[PDB]
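Below sits a lone chain in C-alpha cells, taken as the form deposited in one PDB entry.
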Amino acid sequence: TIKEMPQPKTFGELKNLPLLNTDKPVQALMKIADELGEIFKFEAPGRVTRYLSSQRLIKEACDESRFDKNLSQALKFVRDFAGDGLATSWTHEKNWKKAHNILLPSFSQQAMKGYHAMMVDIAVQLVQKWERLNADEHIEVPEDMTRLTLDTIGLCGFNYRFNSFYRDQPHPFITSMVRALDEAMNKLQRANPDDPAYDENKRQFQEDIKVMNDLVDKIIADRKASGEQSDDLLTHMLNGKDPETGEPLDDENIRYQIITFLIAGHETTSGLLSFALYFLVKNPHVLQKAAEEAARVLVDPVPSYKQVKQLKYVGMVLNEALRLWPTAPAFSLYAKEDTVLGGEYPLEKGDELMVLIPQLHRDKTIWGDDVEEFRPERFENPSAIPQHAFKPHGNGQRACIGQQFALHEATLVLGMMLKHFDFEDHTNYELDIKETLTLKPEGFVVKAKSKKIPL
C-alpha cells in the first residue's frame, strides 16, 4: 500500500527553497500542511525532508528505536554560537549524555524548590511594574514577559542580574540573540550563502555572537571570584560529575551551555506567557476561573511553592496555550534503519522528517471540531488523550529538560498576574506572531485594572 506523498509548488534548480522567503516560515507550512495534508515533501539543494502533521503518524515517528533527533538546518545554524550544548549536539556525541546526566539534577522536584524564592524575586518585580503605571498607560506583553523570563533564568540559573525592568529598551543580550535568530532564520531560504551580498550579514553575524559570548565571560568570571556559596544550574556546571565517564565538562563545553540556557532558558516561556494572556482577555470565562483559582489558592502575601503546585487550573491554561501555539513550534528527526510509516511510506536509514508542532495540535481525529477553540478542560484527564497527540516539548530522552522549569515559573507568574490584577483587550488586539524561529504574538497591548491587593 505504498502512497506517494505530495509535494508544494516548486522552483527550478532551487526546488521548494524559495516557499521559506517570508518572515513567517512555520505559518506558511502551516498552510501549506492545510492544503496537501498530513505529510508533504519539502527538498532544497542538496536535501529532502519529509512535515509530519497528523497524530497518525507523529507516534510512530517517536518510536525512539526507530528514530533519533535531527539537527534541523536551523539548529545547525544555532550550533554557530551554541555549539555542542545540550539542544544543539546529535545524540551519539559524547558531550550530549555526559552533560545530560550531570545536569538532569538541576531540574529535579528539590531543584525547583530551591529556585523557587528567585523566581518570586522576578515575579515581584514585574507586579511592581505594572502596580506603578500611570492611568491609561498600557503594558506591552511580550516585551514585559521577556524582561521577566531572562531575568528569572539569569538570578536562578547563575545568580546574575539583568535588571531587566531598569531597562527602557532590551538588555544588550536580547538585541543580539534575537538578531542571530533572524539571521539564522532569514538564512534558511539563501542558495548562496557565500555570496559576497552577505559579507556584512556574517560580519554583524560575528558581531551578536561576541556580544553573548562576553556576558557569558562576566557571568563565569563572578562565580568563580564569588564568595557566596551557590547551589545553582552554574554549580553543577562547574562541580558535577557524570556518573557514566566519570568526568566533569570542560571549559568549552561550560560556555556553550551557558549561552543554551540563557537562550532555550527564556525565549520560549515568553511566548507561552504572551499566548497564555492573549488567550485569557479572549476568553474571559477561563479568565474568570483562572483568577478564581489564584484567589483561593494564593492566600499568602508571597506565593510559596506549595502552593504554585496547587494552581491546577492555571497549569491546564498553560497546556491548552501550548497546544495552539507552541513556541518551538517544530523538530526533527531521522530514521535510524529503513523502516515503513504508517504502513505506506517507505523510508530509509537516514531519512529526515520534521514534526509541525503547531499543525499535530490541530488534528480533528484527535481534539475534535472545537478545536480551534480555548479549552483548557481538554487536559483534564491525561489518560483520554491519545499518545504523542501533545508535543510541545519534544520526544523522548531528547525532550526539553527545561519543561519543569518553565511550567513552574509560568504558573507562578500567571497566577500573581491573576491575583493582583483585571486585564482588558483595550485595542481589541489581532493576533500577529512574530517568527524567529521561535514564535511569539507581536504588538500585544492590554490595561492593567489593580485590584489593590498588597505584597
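Numbering follows the first chain given and starts at 1. Each form is matched to the other, and the largest set of C-alpha atoms that superpose within 1.5 Å is called the rigid core. What changes on going to the form deposited in another entry:
- Among the residues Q288, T365, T175, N163, the single one whose Cα moves by at least 2 Å between these two forms, once the core is superposed, is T175.
- Superposition on the rigid core between these two forms places the CA atom of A384 less than 2 Å from its counterpart.
- Relative to the superposed core, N134 shifts its CA atom by less than 2 Å between these two forms.
- Once the rigid core is used as the reference frame, the Cα position of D214 differs between these two forms by 2 Å or more.
Go ahead and give the structure of the form deposited in another entry, now that the form deposited in one PDB entry is out.
No partners, no molecules, just the chain.
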C-alpha cells in the first residue's frame, strides 16, 4: 500500500540542491521526472518537497479542501520586492482575499472590453514595426513580444507608456525589475548565500528594490494628487473597497500589486506568444488554419473586442502552446491536514508539493501517444479533457487572476500577426529555452513577409 517514492542523486549535506545549480533547472527537473516517474522527493538544507508530474496525483493536489497554495523558495525571494501582492501572499494573509475581492472585477471578461482599445494601441505599434523592417532583416521574437506585453500592462494597467518599441535599452524601472528577478532566481541555487562572493549581488539587490519602490510610490502619489479618473488598475485600486472587510488597499500594498502586475506582464504572456509563433512556423498547416481564421474574422483595419472573441482557433493554438511549454512552469502547495495522496503516499500537515506543469502536460495517459505533437484540436471539447490535466494558470482560488487579460491580449496580437504577415523560419531555429521567472525561447528569430494589408 504505502509506497516509498524515488529521489534523485544527492550531494552529502547539500542533499539534492546542487541539481538546481544550472541555468535551466525546470528542464533539469523534467528530465529527472522522465527517469523517476510521477512523483519524486527533493531535499535541500532545511527543505523537503515532492515533485508531481502525473494527472493521477495532481488532480488530488488540486483539491482545495486538502491543499492550499505554498510559497516556493522562488516566490519567497520574489516577495522581497513583490511584498504581499496577490502572487506572493499566503491565502490566509488579510491582504490576499482583500486585494482579490477588490481586483477581481478589474480582470473579468467584461473588463476586457475597456482594455481592448489600449491593447490595440500597442499591438498596432508591433505590426507597424514589422511592416517597417527592411527586406532580409529579421524579427527577434521574444524581444519584441516582451516589448509588447510590458507596454500593454503599463498602458492598460496604469496609463503609463514604457515606449518599448522606441528603445533598445529598457526603461530604468525595468532594468531593476529584470535584475531583481535574476537575483531572486539565482539565489535559489547558492549552497551558501552568506559567502562574501554574494556581497555585491546583495548590495545591487537592495538598490533595485529601492528604484522599484521609489518609482511606483511616485506614480501612486502623482495619480492621487491628480484626480484623473482613468479606467485603469491604479484607479480601481485607489477607489475600490473590499465588500468583506469594507477596507480599501493601502498605498504600500497598491505598490506591491503594481510591481506584481508588471512582473506578470513582462514575463508570462510574452513567453506564450513567443512559443505560439515558434510552434506555428514549425507546423505550417496549423499556421494556415489559424491565418485563415484571422483573415475571415479580422475584417476591419483595427480588431474589435467582439472579433477577438471569435478567434476561436487562435485560442486553441494558444492553449496548445501553453500545454507543451507553460511559461510559468510550476506552482507549490502544502497539505492543510494529514492526507494520503493517490492511496500510496501519506503526507503530514504542512508537507509541500511542487506541480511540474510541463511534465503534467506530457502525461501520455491523458493526451495519448502524439503528446509531443502540436495539435490545437486537442482543445475542441474541454469536457473530453479529464479534470486538472491542464494547469497553465494554476489552480482554484489562487489561479492566475490575469488569465482573461493574457488570453485577450495574446489572441488579439497573434490574430493581427497572422492577418498581416507570412512568417518564415529562415534559420531553421533549434528551440532553446531560457529560464528566468518563466520560460521563453531564446534566440528565436523569423522573417515576416507583409501581406500589405493596411491598418
